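Whenever a hint applies, use it, and build me the whole structure from the sequences.
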Amino acid sequence: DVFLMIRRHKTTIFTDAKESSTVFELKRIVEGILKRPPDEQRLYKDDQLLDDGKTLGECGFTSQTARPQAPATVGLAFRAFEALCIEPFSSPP
Amino acid sequence: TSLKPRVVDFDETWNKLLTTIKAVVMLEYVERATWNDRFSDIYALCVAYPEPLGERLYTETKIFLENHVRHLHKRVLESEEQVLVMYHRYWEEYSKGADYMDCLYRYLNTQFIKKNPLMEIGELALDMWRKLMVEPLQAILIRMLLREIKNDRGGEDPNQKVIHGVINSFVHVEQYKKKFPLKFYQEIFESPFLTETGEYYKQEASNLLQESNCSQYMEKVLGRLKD
Amino acid sequence: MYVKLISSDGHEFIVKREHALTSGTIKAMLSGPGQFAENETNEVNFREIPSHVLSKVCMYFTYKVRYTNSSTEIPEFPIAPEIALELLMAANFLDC
Amino acid sequence: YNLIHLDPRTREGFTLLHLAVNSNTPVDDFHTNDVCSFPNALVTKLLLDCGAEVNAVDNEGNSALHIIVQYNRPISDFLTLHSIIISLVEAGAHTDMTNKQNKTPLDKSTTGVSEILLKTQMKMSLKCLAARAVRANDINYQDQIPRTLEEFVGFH
Amino acid sequence: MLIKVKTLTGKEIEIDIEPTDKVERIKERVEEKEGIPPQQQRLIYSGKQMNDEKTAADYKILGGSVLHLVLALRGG
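If you're matching them up, the sequences are chains A, R, X, P and B in order.
The first sequence begins at 1 in my numbering and counts up by one.
The second sequence begins at 94 in my numbering and counts up by one.
The third sequence begins at 321 in my numbering and counts up by one.
The fourth sequence begins at 417 in my numbering and counts up by one.
The fifth sequence begins at 573 in my numbering and counts up by one.
Do not take every clue at face value.
[Stated by the list, open to error] No more than 27 Å apart at the CA atoms, straight line, and that leaves these computed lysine-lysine pairs for DSSO-like: (1) X:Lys347 with A:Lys54; (2) R:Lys243 with R:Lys319; (3) P:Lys535 with B:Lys632; (4) R:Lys115 with R:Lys207.
Keep in mind that the hints were calculated from the coordinates and are not lab data.
In structure tokens form, the structure reads like this:
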């Protein structure tokens, strides 16, 4: 039901899920593509932090804003806790 | 840079593209970064400012393919007795290479070939394979294919992979002609093989008429049919 | 599986293979020589195109996957006016 | 095929395809209109089997798709309206092209059946929406995009 | 309420659904006597196509009529 892009630093992973889906499923998804243990990354609502017990659709990630044409920019930060470092896109004309 | 048209000289980029594609058509190893950058190279050349050299690149690719297939034809001619193994081995290097080249020239077909009377690279690479490798070197191929399958019929078990590839390397040539794609294989191999099989079983049945009576004739014919 | 894309200035992008094969030149890029024995990254280098247009084309991929062959209202895809010129050239490069 | 490759166009810019898809084309009354009815899908299909340029434009800027949707009888002869359209989009009929008068074929429908048939035959593409956005906002594309992209912009 | 909806060759469709029924299940029986699966035929009610439930009373509650359905694929 939700369509959001996982933006961490250099990489940006586009993903679809459901409101009933939980944060733990997103962590499992990002583990198999980025190879980081779940305690090493923390998901961000803009700059607000989240947890794992809450579902994906619980923390303001609704279908009317996480549409595929305008996906939500959820931020991640990998440990080595490192801060949320996301560089901006290249300058449009 | 970018997708904006620019003025670029065709010579050295075409030579480097030749270096890539010669390894491409020989089933060699190329770099993925090299392979991916060749997409951008073909795109930039096809809309190179101010004159699209897609016609020029098309002609140069035709020249390269003709030269390569003619050199391979000359090489196969040297293996006069074992050209079936040579043709089968070099076809495998070429057919997958032909499809890889077809995918490589995807922008050329979508923008230039179909939007301007012209033949796409994948069809043309097969077309260069028939008019310069198959049709000229045809009589020896068909006669020794008939000889090999006759040997298989009698007592031998030759290389099934080689014959199967070469025979399918006829239908695989005309896969791009929607109207009667089987037409080339319908006559080049089919009719002489039809006649040879008919004559061989005619003489076989003539032999078995007196070899055994009408009782064992049924079992022998069933066995020959099953084989 | 998931595919990977190199932008002009860093800016890695990871898309599902079925979501990315809709575009033309990506399909041939995945159809290059080599069997890709790893089958988890198979990255492609888009040196020419910028990063924002890559994000926009990934958004288009997601929209096309979601709204394919549907009888719904087909909502308008938002196009930034500045990126529209670059996105048109990208769609010229990225077939369909 | 020879006649098509001798690029026949009328005074309205109509090709043989344009008149084939046109209902307004007169048919001779003397022992002819009893058989030949226009628009006829099969001959148009035969035009597609003969490689007729489906993306041609007339003096009005309309293509064959722009004219076939203007048929005012989708009830009396639905098939002659439907089988042509699927035959129309069979070799590169661009459903999102826009005429000189700046009208989408879906806009020039005046028939729910015709527009829903076009939508079922319509398929989305990023180039279509990008060109429509560029043209709707009037960004200078001349001497900055490939010439085929300029032709596509002119199509939109 | 019998149905006499035409098809690509002017065939017959037996919806056998009253005007109070929904076209989501009315078109299921119409294509059952035709051959198409229910969620595949884009039935056109002589100017409009069904969507969601699409109660048959909305389409003027016509009795039988000539519903020229669209046989487009991949609609499921």
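Hint check results:
Distance hint between X:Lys347 and A:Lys54 is unfulfilled; the C-alpha atoms sit about 38 Å from each other, more than 27 Å. Proposed proximity of R:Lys243 and R:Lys319 is supported: the alpha carbons are some 16 Å apart, at most 27 Å. For the proposed pair P:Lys535 and B:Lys632, the alpha carbon gap of about 24 Å is at most 27 Å, so the pair holds. For the hint linking R:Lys115 to R:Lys207, the alpha-carbon distance of about 25 Å falls within 27 Å, and the restraint holds.
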